[PDB]
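Trainee: So you can see what is in the structure, the chains are spelled out below.
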Amino acid sequence: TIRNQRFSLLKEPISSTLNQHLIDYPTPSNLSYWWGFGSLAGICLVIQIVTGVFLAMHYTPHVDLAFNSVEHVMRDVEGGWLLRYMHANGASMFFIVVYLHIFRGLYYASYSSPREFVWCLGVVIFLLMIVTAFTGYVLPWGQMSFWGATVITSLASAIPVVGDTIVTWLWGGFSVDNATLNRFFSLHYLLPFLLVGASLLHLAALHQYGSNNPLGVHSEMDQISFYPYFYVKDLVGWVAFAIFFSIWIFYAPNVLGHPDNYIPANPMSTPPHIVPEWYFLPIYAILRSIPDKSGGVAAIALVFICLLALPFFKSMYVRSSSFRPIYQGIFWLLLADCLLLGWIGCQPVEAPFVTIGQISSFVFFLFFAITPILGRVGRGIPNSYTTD
Amino acid sequence: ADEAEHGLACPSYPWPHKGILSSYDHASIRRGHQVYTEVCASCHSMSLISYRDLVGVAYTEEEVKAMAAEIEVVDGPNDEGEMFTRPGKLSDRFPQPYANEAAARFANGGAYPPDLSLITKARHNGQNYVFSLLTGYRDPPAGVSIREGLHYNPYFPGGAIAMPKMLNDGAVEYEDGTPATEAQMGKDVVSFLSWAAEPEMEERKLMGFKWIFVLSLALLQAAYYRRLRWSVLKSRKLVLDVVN
Amino acid sequence: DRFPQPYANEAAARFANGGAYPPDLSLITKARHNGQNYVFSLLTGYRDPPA
Amino acid sequence: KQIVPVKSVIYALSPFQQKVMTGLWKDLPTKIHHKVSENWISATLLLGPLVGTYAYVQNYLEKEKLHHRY
Amino acid sequence: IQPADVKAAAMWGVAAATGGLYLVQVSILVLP
Amino acid sequence: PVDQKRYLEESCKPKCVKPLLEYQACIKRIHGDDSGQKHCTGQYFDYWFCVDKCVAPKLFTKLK
Amino acid sequence: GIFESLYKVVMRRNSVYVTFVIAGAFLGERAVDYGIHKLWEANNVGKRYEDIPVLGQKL
Amino acid sequence: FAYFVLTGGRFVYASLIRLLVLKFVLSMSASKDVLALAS
Ligand SMILES: CCCCCCCCCCCCCCCCCC(=O)OC[C@H](COP(=O)(O)OCCN)OC(=O)CCCCCCCCCCCCCCCCC
Ligand code: HEC
Ligand code: HEM
Ligand code: HEM
Numbered sequence: 001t002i003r004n005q006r007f008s009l010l011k012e013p014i015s016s017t018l019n020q021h022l023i024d025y026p027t028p029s030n031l032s033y034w035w036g037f038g039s040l041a042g043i044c045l046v047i048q049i050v051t052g053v054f055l056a057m058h059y060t061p062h063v064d065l066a067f068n069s070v071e072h073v074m075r076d077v078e079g080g081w082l083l084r085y086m087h088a089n090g091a092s093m094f095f096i097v098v099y100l101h102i103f104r105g106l107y108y109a110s111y112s113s114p115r116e117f118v119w120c121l122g123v124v125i126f127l128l129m130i131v132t133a134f135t136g137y138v139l140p141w142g143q144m145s146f147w148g149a150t151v152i153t154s155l156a157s158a159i160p161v162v163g164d165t166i167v168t169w170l171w172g173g174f175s176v177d178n179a180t181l182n183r184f185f186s187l188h189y190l191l192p193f194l195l196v197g198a199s200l201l202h203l204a205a206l207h208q209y210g211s212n213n214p215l216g217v218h219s220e221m222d223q224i225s226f227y228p229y230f231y232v233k234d235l236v237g238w239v240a241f242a243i244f245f246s247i248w249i250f251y252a253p254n255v256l257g258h259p260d261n262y263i264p265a266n267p268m269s270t271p272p273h274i275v276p277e278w279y280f281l282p283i284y285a286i287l288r289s290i291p292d293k294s295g296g297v298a299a300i301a302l303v304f305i306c307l308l309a310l311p312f313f314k315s316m317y318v319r320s321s322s323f324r325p326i327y328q329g330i331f332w333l334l335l336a337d338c339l340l341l342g343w344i345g346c347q348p349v350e351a352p353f354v355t356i357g358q359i360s361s362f363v364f365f366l367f368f369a370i371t372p373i374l375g376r377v378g379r380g381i382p383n384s385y386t387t388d
Numbered sequence: 001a002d003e004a005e006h007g008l009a010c011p012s013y014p015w016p017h018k019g020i021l022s023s024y025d026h027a028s029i030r031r032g033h034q035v036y037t038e039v040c041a042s043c044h045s046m047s048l049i050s051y052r053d054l055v056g057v058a059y060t061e062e063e064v065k066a067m068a069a070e071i072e073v074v075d076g077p078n079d080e081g082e083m084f085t086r087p088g089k090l091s092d093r094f095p096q097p098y099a100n101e102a103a104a105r106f107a108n109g110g111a112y113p114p115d116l117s118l119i120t121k122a123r124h125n126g127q128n129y130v131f132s133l134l135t136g137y138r139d140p141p142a143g144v145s146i147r148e149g150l151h152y153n154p155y156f157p158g159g160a161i162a163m164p165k166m167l168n169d170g171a172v173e174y175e176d177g178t179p180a181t182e183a184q185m186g187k188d189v190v191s192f193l194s195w196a197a198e199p200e201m202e203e204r205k206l207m208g209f210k211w212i213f214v215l216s217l218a219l220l221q222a223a224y225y226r227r228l229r230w231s232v233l234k235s236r237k238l239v240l241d242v243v244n
Numbered sequence: 001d002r003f004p005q006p007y008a009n010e011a012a013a014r015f016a017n018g019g020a021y022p023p024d025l026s027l028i029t030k031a032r033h034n035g036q037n038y039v040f041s042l043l044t045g046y047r048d049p050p051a
Numbered sequence: 001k002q003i004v005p006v007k008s009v010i011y012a013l014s015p016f017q018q019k020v021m022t023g024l025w026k027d028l029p030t031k032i033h034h035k036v037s038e039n040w041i042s043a044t045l046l047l048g049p050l051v052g053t054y055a056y057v058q059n060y061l062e063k064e065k066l067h068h069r070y
Numbered sequence: 001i002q003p004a005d006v007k008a009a010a011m012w013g014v015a016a017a018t019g020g021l022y023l024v025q026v027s028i029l030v031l032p
Numbered sequence: 001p002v003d004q005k006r007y008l009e010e011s012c013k014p015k016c017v018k019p020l021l022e023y024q025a026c027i028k029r030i031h032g033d034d035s036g037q038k039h040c041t042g043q044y045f046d047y048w049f050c051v052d053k054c055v056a057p058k059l060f061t062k063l064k
Numbered sequence: 001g002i003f004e005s006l007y008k009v010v011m012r013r014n015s016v017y018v019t020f021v022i023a024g025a026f027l028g029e030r031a032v033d034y035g036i037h038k039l040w041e042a043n044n045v046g047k048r049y050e051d052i053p054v055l056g057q058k059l
Numbered sequence: 001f002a003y004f005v006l007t008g009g010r011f012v013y014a015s016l017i018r019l020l021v022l023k024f025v026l027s028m029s030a031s032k033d034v035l036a037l038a039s
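These protein sequence lines map, in sequence, to chains A, B, C, D, E, F, G and H.
So for the first sequence, our numbering puts the first residue at 1; every next one is plus one.
So for the second sequence, our numbering puts the first residue at 1; every next one is plus one.
So for the third sequence, our numbering puts the first residue at 1; every next one is plus one.
So for the fourth sequence, our numbering puts the first residue at 1; every next one is plus one.
So for the fifth sequence, our numbering puts the first residue at 1; every next one is plus one.
So for the sixth sequence, our numbering puts the first residue at 1; every next one is plus one.
So for the seventh sequence, our numbering puts the first residue at 1; every next one is plus one.
So for the eighth sequence, our numbering puts the first residue at 1; every next one is plus one.
Treat the hints with care, since some could be wrong.
Claimed, not checked - The list that follows gives simulated cross-link-like pairs (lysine-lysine, DSS-like), each with its CA atoms no further than 30 Å apart:
(1) F/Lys-53 to F/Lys-18
(2) B/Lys-18 to B/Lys-237
(3) D/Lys-31 to A/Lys-233
(4) B/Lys-165 to F/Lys-38
(5) F/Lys-53 to F/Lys-28
(6) B/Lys-237 to H/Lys-23
(7) G/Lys-38 to B/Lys-165
(8) D/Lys-65 to A/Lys-11
(9) F/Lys-58 to D/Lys-63
(10) D/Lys-19 to D/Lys-31
(11) D/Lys-63 to A/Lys-233
(12) B/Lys-18 to B/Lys-121
(13) F/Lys-18 to F/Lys-58
(14) A/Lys-233 to D/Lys-65
(15) F/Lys-28 to D/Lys-65
(16) B/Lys-65 to G/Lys-47
(17) F/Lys-38 to B/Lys-18
(18) F/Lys-38 to F/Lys-58
(19) B/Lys-210 to H/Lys-23
(20) B/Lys-18 to F/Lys-28
No lab work stands behind these hints: they were computed from the structure.
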């Protein structure tokens, strides 16, 4: 084939890269809907960006005007309550979808070779989402907003030699005042574009090494083009997600939040129950469970170290959980542990929740510490079960 | 102890504006605004609601104009730099009873009567909590004698609240002759407060119903589309030259 | 604290000065073109009008 | 990223000669049976710790409150 | 071929105008 | 202007007299004590929780 | 069949198909809005703003 | 039958897209307090 005269626009250089990577990318023929969850997370990110821009057309980053500006958006702006509820509940759905993404990856062991770079870029993406959502939640400037900012920024003092200096520098002036508000608005506006860049790199690395499948096996025998076969599957996922998200926006918009964020920030009194948003609760529970706050920060760093250390395991030959009963049970126990851990974080430090959290976090790390053992034993399996 | 600290739990009352197709009782909103103006505006403030917010919701435009013309507000400098007071217009927010938080606390014994604009969204189980708080001024239990200068209220965290029992039988004279009792006054004021915290509830509910229905139909279409496009693949027969 | 203000508001300043507002002098040398020379000449050049 | 051929023979029918929304309803009892009999263990390991911990927590809270009730 | 081409262009123009009216319903312009 | 809530709670007082009896038992114990912290707000909370649960729908179906 | 008839009507040129899709979107949205409005008004009788007894007696 | 099912879904999608676009643009449009101060 010499391309003398042009046949198809899709194969022209203007649409050639897009053609390959969107229409013609070969995909395993047996993918279920969790790959749809990955695409759905992308859509949630785009929704957040658009609604955030149109919200920032009305938000004043000053300490004396932020709360009343948000109430302006809700009451005066034409269809502004829709924008604000979409932004908040869209942050929530973004985190829900990313959690389902991560747990599918864990179940099917997609972190294994050769997708170590994909998993690591995913971990970086998760860090960026955490930071962006936190600094954004500081913006409305309520009781929960101000006090959560105070606590989570002041736990950065646990660094041995330069903790206090970093805390003061990040605060900008001995407290979490107007300077911190402007700082957080600028950072919240900036970070989503770095998040878009990270997502693009994530997808590029995956596209380099293909895509896993529910069997975990080599899958270059039966492969089909992405369009239209997986576009329609993703479309079904998107419409179902739209119905879910519309249930949340219109009928129960304040269920996923706390009522203390509707009181203007008053640094004098302290609300009796200071907790982050529901999607930071597992991390908050781990950190609160391990005492000696320096130990808590070290434990969070250890959580991310374990997450980054999953891909680089030794044998781990069989990949999918469909052929790993022990690992299947371990994964389900880990998921139950994560849900319980998230529930613990909303409870006070009074007993027995301290014991329950100190057990749950230990079980979390135990999952992360017993996967190589299963891999080694499984590597030992084939020379024992032979039927002859 | 902990029980009194977290307060007696509030029941689940059947509010008229509860349900996927349920609107505010606008007569009750009007009645609640009356009771708030009569008894609650002496200490509490709203400061987030304009008089124009009442137009088409509980009052007619001329009525709101007259009500605004009743009160007087300070307007900016004139051609001499001095300040002056003019009757309120249809855009001014509800008047504030106290100069600032310090004056409010000084007038109310150090306790600050909270702003009531978002009161039902600033408490857990907002509307039920507010109704129960207003109605449940009960005799304190045995051997729990609270200090002078407060009142016992089981729902309030700690049991001791700073405002006195305000809603009394016959406190106000309703315009439409509705018999004023404590429960009725509480219901009306909580309906008004819940409207104030969320004036978009009806439009939001209508949009939600319409779009959930429409998107459900879209979901059926998308499922059919996916099945149709995948049916040349799922109903296929392949011969592979292998057995075991 | 900052430097005090001689007048409560711009309207008060205008009423005191017969409708003229004495501009803020913080950035007067950058607000006016050729600010330094302009201000010096204006302060010192109070001459007699021509015929 | 090469493609490995397998030397098969595939017959396929056009999408407009097939029933499109009937396979979802053909074998509901058998499919429900298969789901339950294949995932009951995983359901126990998921919902087991949660329900057990919940029961333990409510039990202990009841004991503690009744004990501190003067 | 030209009659068919201009007919198709006019049909697409009618579709575009219908989409424009749908996006921006203007009885103010429709009435006169 | 008889209070509907008070009348309804008085009417439903004999519905769940068991928490009320427990509360009275604590009242007698506290009267015997007369020296301790002697609060037992738990019985109060249980009894009034039952009454409030009773008077949930009747109040609004009686209100105008 | 009715499907074949309407196909022969509005499924031979794509321009007519897109115009039909837009017109159907407008008409269907209006119909659903009218139905939901009737349902809402039926369900919330008496509670409307237009029918409160003292709407114009404060003057 | 397939094309008519697809057409029903398609004008559902058209309705959704118009709704979203108009919501964004009208949000960027004027405001109630400004309209009140129009005098
Ligand atoms: C109090 C302090 C101590 C607490 C812990 C003490 C107990 C430790 C564990 C004891 C039990 C270990 C059992 C290991 C052998 C499992 C045997 C096995 O694989 O059986 C096959 C079965 C297959 O299932 P299926 O296919 O449904 O069967 C139908 C067959 N035709 O397979 C299955 O049914 C799958 C079962 C998977 C179970 C996985 C979890 C238990 C084993 C590892 C425990 C690790 C604990 C720490 C980590 C927890 C997770 C973070
Ligand atoms: C002056 C006296 C009044 C009047 C006429 C009313 N309130 Fe009340 N209120 C007042 C104070 C000083 C306080 C603070 C008490 C404290 O928080 O320690 C309050 C408190 C409230 C609350 C908050 C309760 C809580 O946060 O748990 C509410 C919801 C409230 N007040 C409502 C309310 C209503 C509806 C009134 C009209 C009937 C009303 N107050 C009158 C002081 C005063
Ligand atoms: C901004 C949020 C994210 C987006 C937009 C995103 C996007 C995607 C996309 C588009 C794919 C390819 C399609 C698919 O397989 O589902 C993918 C795959 C993948 N992602 Fe993500 N992702 C995100 C977050 C994460 C996170 C936090 C992780 C884990 C740390 C992760 C791990 C993976 C893995 C392992 C795959 C491989 C899929 C497979 O094995 O089949 N992603 N992601
Ligand atoms: C560049 C894109 C974005 C912009 C411009 C933006 C801007 C804003 C603004 C102005 C607010 C305050 C308005 C309000 O109070 O509702 C806000 C709130 C918030 N944003 Fe964003 N945002 C963006 C993207 C994101 C992303 C990607 C997330 C992560 C999910 C996020 C999470 C949040 C959260 C949690 C809040 C607080 C919700 C609340 O108001 O209660 N934002 N954002």
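Trainee: A separate judgement is required for each hint: does it hold in the structure or not?
Mentor: Here's how the hints hold up against the structure:
no.	hint	verdict
1	F/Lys-53 to F/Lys-18	holds (15 Å)
2	B/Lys-18 to B/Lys-237	violated (55 Å)
3	D/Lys-31 to A/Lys-233	holds (21 Å)
4	B/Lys-165 to F/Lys-38	holds (26 Å)
5	F/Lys-53 to F/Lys-28	holds (26 Å)
6	B/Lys-237 to H/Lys-23	violated (49 Å)
7	G/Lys-38 to B/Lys-165	violated (43 Å)
8	D/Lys-65 to A/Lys-11	violated (73 Å)
9	F/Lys-58 to D/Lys-63	violated (34 Å)
10	D/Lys-19 to D/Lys-31	holds (19 Å)
11	D/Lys-63 to A/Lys-233	violated (52 Å)
12	B/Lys-18 to B/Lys-121	holds (15 Å)
13	F/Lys-18 to F/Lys-58	holds (21 Å)
14	A/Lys-233 to D/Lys-65	violated (52 Å)
15	F/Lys-28 to D/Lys-65	holds (21 Å)
16	B/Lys-65 to G/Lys-47	holds (24 Å)
17	F/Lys-38 to B/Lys-18	violated (41 Å)
18	F/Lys-38 to F/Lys-58	violated (35 Å)
19	B/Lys-210 to H/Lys-23	holds (15 Å)
20	B/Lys-18 to F/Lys-28	violated (43 Å)
In summary, the numbered hints that this structure violates are 2, 6, 7, 8, 9, 11, 14, 17, 18 and 20.
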